[PDB]
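> Spelled out from the first residue to the last, the chains are:
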Amino acid sequence: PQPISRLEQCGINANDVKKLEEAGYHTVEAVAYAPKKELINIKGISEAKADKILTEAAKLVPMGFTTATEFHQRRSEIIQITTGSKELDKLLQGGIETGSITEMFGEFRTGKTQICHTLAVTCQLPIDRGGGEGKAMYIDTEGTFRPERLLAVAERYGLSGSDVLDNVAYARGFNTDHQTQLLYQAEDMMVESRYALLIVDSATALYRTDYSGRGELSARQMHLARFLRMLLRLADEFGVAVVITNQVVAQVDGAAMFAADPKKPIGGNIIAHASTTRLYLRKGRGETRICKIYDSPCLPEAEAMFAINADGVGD
Amino acid sequence: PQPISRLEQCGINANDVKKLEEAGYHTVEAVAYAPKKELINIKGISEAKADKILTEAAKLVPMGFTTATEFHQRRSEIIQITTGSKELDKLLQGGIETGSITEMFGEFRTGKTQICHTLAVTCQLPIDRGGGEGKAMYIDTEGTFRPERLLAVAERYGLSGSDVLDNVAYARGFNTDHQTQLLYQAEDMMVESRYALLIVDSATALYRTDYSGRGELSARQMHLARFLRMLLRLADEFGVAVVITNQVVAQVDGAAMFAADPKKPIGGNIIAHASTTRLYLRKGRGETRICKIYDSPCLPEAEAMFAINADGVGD
Amino acid sequence: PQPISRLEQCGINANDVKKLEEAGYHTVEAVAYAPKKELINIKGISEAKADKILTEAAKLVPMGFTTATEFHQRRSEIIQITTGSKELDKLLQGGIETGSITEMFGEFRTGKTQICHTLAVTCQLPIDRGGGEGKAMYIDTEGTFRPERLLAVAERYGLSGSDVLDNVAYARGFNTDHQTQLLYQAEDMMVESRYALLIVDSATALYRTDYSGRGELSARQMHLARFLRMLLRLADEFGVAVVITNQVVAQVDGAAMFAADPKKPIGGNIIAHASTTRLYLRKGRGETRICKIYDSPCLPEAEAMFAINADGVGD
Ligand SMILES: Nc1ncnc2c1ncn2[C@@H]1O[C@H](COP(=O)(O)OP(=O)(O)NP(=O)(O)O)[C@@H](O)[C@H]1O
Ligand SMILES: Nc1ncnc2c1ncn2[C@@H]1O[C@H](COP(=O)(O)OP(=O)(O)NP(=O)(O)O)[C@@H](O)[C@H]1O
Ligand SMILES: Nc1ncnc2c1ncn2[C@@H]1O[C@H](COP(=O)(O)OP(=O)(O)NP(=O)(O)O)[C@@H](O)[C@H]1O
Ligand SMILES: [Mg+2]
Ligand SMILES: [Mg+2]
Ligand SMILES: [Mg+2]
Ligand SMILES: [Mg+2]
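Protein chains in written order, with the authors' numbering: chain G, 22 to 336; chain F, 22 to 336; chain H, 22 to 336.
Hints may be right or wrong, so weigh each one.
No copy labels: a pair is met if it fits in one copy or bridges any two.
[Unchecked claim] As a list, the in silico SDA-like pairs of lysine to any residue whose alpha-carbon atoms are at most 20 Å apart:
hint : residue 1 : residue 2
1    : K57       : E169
2    : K40       : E50
3    : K73       : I63
4    : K111      : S317
5    : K107      : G85
6    : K285      : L203
7    : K57       : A226
8    : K57       : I329
9    : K111      : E169
None of these hints come from the bench; they were simulated from the model.
Using the sequences and the accompanying hints, generate a full structural model.
Printed below as a string of structure tokens:
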């Protein structure tokens, strides 16, 4: 979370720092995580200044061989924010892991925003209470925030509804460029504080609605790859749990029977590879719904029944 | 909800603003919520000028990060329509939301046009403690307008006649192109007049013969996705309760119904997702059509009967 | 395998040695394998114009007529690293042998990087067993370096998890120069001990035109050619095995093609002839995935049945 200004005092001229700040770079770790040509292609001064600023940034940040001994040791501090249901939390090995993209998707009324609200609430719980003790974020691309649901959720854990609402940041995503710019703002908006959770509800709704077509608007895949890359950059530099959610699309080929039903996630492989944890939700009966692990390099696929009660997710 | 009154003189000349006005955007908010692609695609618009007017429109509005307490301060004045049935007020919980898209659907003879006309009449009057004297927009394609049951129904409301008749705007599209293309004229029309509701009735009835068959499906679902995203933008801009009613299609597969719900709503995952609440309707006995909460971000799952008779909705 | 330490202060002094070490080439064979244009173009201080010593130092390179019997006997008892599944080891006569490039690709659910961790863990197994008896490297820009993979696979073959912890030199970084520099000090940690594996797993992404229209160059093709160039030069010099993983891109068969195999590799012709062994991963019913070969000089087309469980990969 070290800012750009920390680079300035270590033998860096103010022009480069101010250009970096204006361009949307707020963390020296992010610069050390940035491609050389990307930093070069800003104004023109950084073109000849890259060979010095990159070394100045890397002299502090350890980017050599973070051996698996150190990686496992730093894996201990991973919060694994709770889910809301004991079944979901246990099936997720203690809950939703932090520092990674943990996209979930499903058909309508699968509880995507319900789990989003429960996460935005329970990430503020103390560490022993199933949370990161952090301040939540929420980037909704449709407006279904429903903060009254947050208040109702806040009652179950005994946390006061007075501060769980002021401990949540909100932002309306209106297009793809708005998504990227809001993420840029969130970069310097969580830099000073401990934020344990980042929400983007329907990270792909605007991609699907705006970049519509084949070929005519299939630069969307490069755009979405860039966006998911920036989410992973944030989740690495800050340790924040990115919990973007995704919609689904139908299989219309001659067959009717398919793996995981005709309903398969949208985005293609740009979003499938750049998504470490992937949960597929379906509809059961009444409140009950079933969760299945679609893609995760650490979990076995199974079923966990979570019911959308009067206070979020639980049983 | 602020029309184009400052874009024409925001340093940027009024000429490219005229191009924007004729190309589809008639307000500051729609451009601010717009991405760069839709405007660079416009003829006569350069990339740099597009970036300039995008930054201008963005800095015009907040489009940023606000605390959820401010969102509640915005939520306390949600102008929900006054639903005609008391038990319906106890299930819809105040009527119909302000930022939303309602999808009340069901088979033939299930009371989906009376709700359209009663929701058109209501909120034009400051009764039931419902302020915000607004209008209605009956945008019909199936042929369920009937502007005589419309005027002869303001009896329980008791609001005289022909003022509702001139207080409702009506357009009768026939193809899916018309229903989407008239939304621009709708917004350009009530950008200056306060509207509390926009009804497009059987909007998904057009996506049944207009783009007919498999192999013509992808274009149809793309068109519907753009139509619904445009609804989202209108609702998030003007803050109105926009209403769609959905047809049904049988499921001739013979499986996964167990003699229950042998009918799915027309439209696929394109519509199931971009709809805040959806209300299943099934016809009971005599004139008591029944209801159910298919989904809603906050409203709980609850079956609830209702009834129909002359003058429209009721107990 | 290692520099013979004879050219220091002999034709090229230690100062010029550092001048050439600026751009890698620490083993004498590595310097000899470099074009003279690059060696004469390093820095103003590092002109090194009179640098023909690398050619007269032909005693180090194995150039010359060497009996094919020596090659046959050296690779007859070659080190093969098993995948943990007998059927996988039966589709292939090892084919993982140390000293070539092993590329895999497939859909997301099939376990592209699942077997990479397994091979890295079992790479420590003795020579007569299915491993190189070393501390295999690893680089993962994707970030999917989950530790339970390392521990469970070690437990599968009856091994301590602490050994595999410090037996893998993980690294991480988004920028491409990061990967290149990692491969630059890859020699500097090649020198001291024996590992016989240099997995690089994920390939770094890049950012392209965000506001400036659509379509662009990348130079990724020559970057990937150079990257695989260091890969195979390291493999040949050190007698080590190089492993990469490849994303899958579909829609290539959308031009009136029967689309039997629409999932095409990324990388064009650069990935094709810079690679010797290529493998295809196909998703099966649940955990029952099937392994395939695109093209190998000494392999037919074979399929095997393999599964993934809690303790690694196996049936
Ligand atoms: N208080 C409550 N009591 C019982 N059930 C509830 C309650 N609140 C919500 N639900 C149910 O839980 C569902 C969750 O839906 P939601 O979380 O919006 O799904 P989604 O897939 O995110 N929505 P969309 O993608 O727009 O179709 C609701 O639609 C109701 O069916
Ligand atoms: N404990 C486990 N038991 C069984 N299967 C598992 C287990 N952990 C992971 N898997 C499977 O491994 C799959 C992912 O394999 P992985 O090696 O991560 O593929 P990848 O293509 O590298 N992933 P991505 O980068 O998201 O495209 C999951 O979707 C599961 O099917
Ligand atoms: N006893 C009655 N006398 C007169 N009208 C009645 C009576 N009972 C119900 N209705 C009418 O029934 C209507 C309910 O809508 P519905 O019968 O579904 O219309 P529709 O035109 O068939 N709908 P759709 O084809 O789905 O657009 C109301 O508008 C009432 O006016
Ligand atoms: Mg949901
Ligand atoms: Mg009707
Ligand atoms: Mg693998
Ligand atoms: Mg071959």
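> Now look at each hint and say whether the structure bears it out.
Outcome of the hint check:
no., hint, verdict
1, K57 with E169, "neither (46 Å within a copy, 33 Å between copies)"
2, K40 with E50, "within (16 Å within a copy, 29 Å between copies)"
3, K73 with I63, "both (15 Å within a copy, 17 Å between copies)"
4, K111 with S317, "within (15 Å within a copy, 27 Å between copies)"
5, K107 with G85, "neither (39 Å within a copy, 35 Å between copies)"
6, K285 with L203, "neither (27 Å within a copy, 33 Å between copies)"
7, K57 with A226, "between (31 Å within a copy, 13 Å between copies)"
8, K57 with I329, "neither (47 Å within a copy, 38 Å between copies)"
9, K111 with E169, "between (27 Å within a copy, 16 Å between copies)"
Checked against the numbered hints above, the structure violates hints 1, 5, 6, 8; every other hint is satisfied.
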